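Listed below are the residues making up each chain.
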Amino acid sequence: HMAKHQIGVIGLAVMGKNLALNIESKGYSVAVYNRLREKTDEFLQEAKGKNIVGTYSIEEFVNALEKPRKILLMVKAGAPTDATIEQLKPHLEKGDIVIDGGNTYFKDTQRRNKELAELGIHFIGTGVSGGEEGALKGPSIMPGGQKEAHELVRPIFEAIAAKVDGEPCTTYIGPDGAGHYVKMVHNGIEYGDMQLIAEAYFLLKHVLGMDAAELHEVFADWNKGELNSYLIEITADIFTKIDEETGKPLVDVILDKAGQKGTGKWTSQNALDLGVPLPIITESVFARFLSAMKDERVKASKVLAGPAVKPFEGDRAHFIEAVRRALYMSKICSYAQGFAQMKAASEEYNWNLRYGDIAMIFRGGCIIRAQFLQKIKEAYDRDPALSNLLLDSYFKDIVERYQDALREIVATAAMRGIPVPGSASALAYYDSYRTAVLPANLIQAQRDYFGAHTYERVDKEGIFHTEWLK
Amino acid sequence: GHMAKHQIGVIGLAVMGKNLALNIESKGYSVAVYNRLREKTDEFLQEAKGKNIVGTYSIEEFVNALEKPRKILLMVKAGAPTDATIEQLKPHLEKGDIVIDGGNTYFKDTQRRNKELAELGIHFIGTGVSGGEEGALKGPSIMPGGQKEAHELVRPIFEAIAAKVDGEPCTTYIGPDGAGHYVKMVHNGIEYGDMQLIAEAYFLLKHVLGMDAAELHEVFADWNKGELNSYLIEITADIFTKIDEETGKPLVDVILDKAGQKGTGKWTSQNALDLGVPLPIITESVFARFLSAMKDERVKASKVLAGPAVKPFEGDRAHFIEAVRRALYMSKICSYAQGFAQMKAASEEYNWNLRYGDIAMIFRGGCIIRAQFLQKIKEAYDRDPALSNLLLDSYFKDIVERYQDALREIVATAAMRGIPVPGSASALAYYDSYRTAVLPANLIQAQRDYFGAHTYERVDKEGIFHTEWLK
Ligand SMILES: O=C(O)[C@H](O)[C@@H](O)[C@H](O)[C@H](O)COP(=O)(O)O
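Protein chains in written order, with PDB author numbering: chain A, 0 to 469; chain B, -1 to 469.
FYI, nobody ran anything at the bench for these hints, they're computed from the structure. Hints should not be assumed to be uniformly reliable.
[Claimed, not checked] Only pairs whose alpha carbons sit at most 25 Å apart, straight line, appear in this in silico PhoX-like list of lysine-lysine:
(1) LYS459(A) <-> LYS301(B)
(2) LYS459(B) <-> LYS298(A)
(3) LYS298(B) <-> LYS376(A)
(4) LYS342(A) <-> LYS260(B)
(5) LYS469(A) <-> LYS136(B)
(6) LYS374(A) <-> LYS301(B)
Just need the whole structure built from these sequences, with the hints factored in.
Right under this line is the structure:
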């Protein structure tokens, strides 16, 4: 009559190891399983001293958990997650809860949820953010699925999640795939933030001639202000590190080929699906692809001419402040877009997303965490129906004040040949969004000209077609 | 006796399939038509009086009416209706028969159907058709992919009905499986970019120089006589001559700035994300349509968000006009470079051996992006077939070196005046990123290793490294 463990974890790459370890440290007993035995062996070596046990079949695994079973899945997304669910189905019992903590496409979560639902099994797709250090110490947990199912797993999520000022970085997101959706958008925003930081860095490096020491001082100083954040903090730290053999800074030793997981494009791809403008995050993804084409770039550099550029001799302090402001405004524009995407998705899929609550859980644990997120919550506190963050009085006052600096950074980059794709797309967004009559009147005329696609009029209701060819 | 075996059949009698039908018949081919909804066949037959077109009224009758090997053109609604139709054909077809899908189809569905049908010994050609309704009647661009042996059988028909430029039909065998529908998609993507770029030129002239309909028209007419010569510039010049009868305003000034798009518009951008290719200009153009569709939000925001408080323009007018023109051309170059590098990436991924010069060649006529521009692309690949990027070609390299200063001036002026130029701005950014040997992705890679141990490579050593950033 075996003695029953509180939670099961299948999948033992580092993310699942570190989360099982987190869970145990909060006083829960854990059983674990891995298709490959050697990973379970290695985890049990590392895990000695902890209330964690190993199992070597799915029969054993399911049979070692107390009912209603709580199974956390942390296997590779796609077929391997699906193959593990198929393995589980014969042995699960009505009422058991499978939690997919993988980086899963939300529409897979939608399907699994329905498929398991008809069998009487609850499915929670949850995003987990923070990297390895987060998983171990305090991730952001972004769960969606059946509300009643969530309530059973909520105390564990709240136990292991990061806390900001006494408040858990987790909340019920919405039904079916809403959690994995928010996790996707979080990963989009992250790509965005890193690109805009890179631009700020590249500008300082090439306009001001800044070396690693001075760059660190600028970013360290920025992190004590409104830009206070994990990414800017780690950025300022990265510029202090010295490679161990050349004597140069390590960051200058690193090859400028930005990797990215295959999940990095999803936010942009779903934005296209929904009809929401996501220029900054999308440019950031394309910026990574362009950087990956290193060989093409080094070859290109030798034949394609840039502009003639006498050395910069504006005010050094003013320019640093212009970059800082450009970055904050551009970041605001990016989140304004990202939060608009989540709204659109909530409408499409009937999720009733609570945007202040979402901003609240991005506040700690996750990679994009930043003080800034407090003002986003404040925004949705004031108007839960807010259609765009730029309209909230705090962000509106910031963009009207910092727009001159973004304008200057974009104009200056253009003339000096510094690529600032995200900053420039942020400025084009701001000017498009605030403009009541854009040049799409021409585009529509064209489309009716060659395609008979019909148009609408400013002065009367109706659908109109012109015989353009005289 | 004997139902008079026809050379080709067409299923689907919307204006496109009807016009393709009539095009084919006018070239001396006999055509059998069918349509699930009966009244469309009836109507078409009274439209086609005296022409060698016969109606048939069941898939069975339709199939029995055709010469072997059978050649069947599908012009029906994308998705389920197309698969429904193929599924009804299957029992009646034979080893060697040829089903051609001519819709604006997603290339992966073609790939699936191609192999599904190859299993039964039936060939499948997924082919793009561009030019609109008038173009399908008079001479479209045709972009077939599928089995070569099957393409050789229908090639003569495609070549007869296609547009010709300088004696060359705007049609070629693009490659295997979904190759043809892929190229059509990229055609579509490129179109979106071009329209956005010309919209931006218009807005710049409109707002910076306060130009009205009439002078915009003179400027776009002047531009059509030079290197920008193209169907889209041409129709743009004509559009600005139109007057609304009721209001007496330029028609264009009375049209709601809310750009529609087919669900197909986004595909090129989504695919670029799949392949890992930078496609910023066309993607910004799709997002610009989405933005324009949010008209109500925009007018709301316009009452609330302030732009810069900038003085009216006092620079040289002729200079600014030529700067816009040049920025527009260089931007266009950058979009095409991006779109052609996508096709190259695709060709490599799906093993298609695409001929980029032949593709530019079939975009010279029939299609919407048709311009003398396309000749210079053709020439670049005829020079270097494995050219990795069109920017590296002698002709295009000379333009961008001479025009980049217009683009920069335009981007800098747009920024300072608060006039949005998403396409042209991203063109510049791409150009400046492409030609730059060391990008700030070294920081990005440091960041990723710092928080998720994703590892990095280095400039000096030839290995794979991970630092413990907390020591
Ligand atoms: O913590 C999270 O939210 C993710 O699980 C984590 O993995 C990271 O955010 C990116 O997904 C890394 O992806 P790249 O290495 O491709 O940047």
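We went through each hint and held it up to the structure:
1. Restraint check for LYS459(A) and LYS301(B): satisfied, since their Cα atoms lie roughly 22 Å apart, inside the 25 Å limit.
2. Restraint check: the Cα-Cα separation between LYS459(B) and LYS298(A) comes to about 20 Å, which is no more than 25 Å; the hinted pair holds.
3. Under the criterion of a C-alpha separation no larger than 25 Å, the hint pairing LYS298(B) with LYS376(A) is consistent with the structure, at around 22 Å.
4. Proximity of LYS342(A) to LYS260(B) is assessed by CA-CA distance (about 22 Å); at most 25 Å being required, the pair is judged to hold.
5. For the given pair, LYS469(A) sits about 19 Å from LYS136(B) by alpha-carbon distance, which is consistent with the 25 Å threshold.
6. Between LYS374(A) and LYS301(B), the direct Cα distance comes to roughly 23 Å. Compliance with the 25 Å bound is thereby established for this hinted pair.
Checked against the numbered hints given earlier, this structure breaks none of them.
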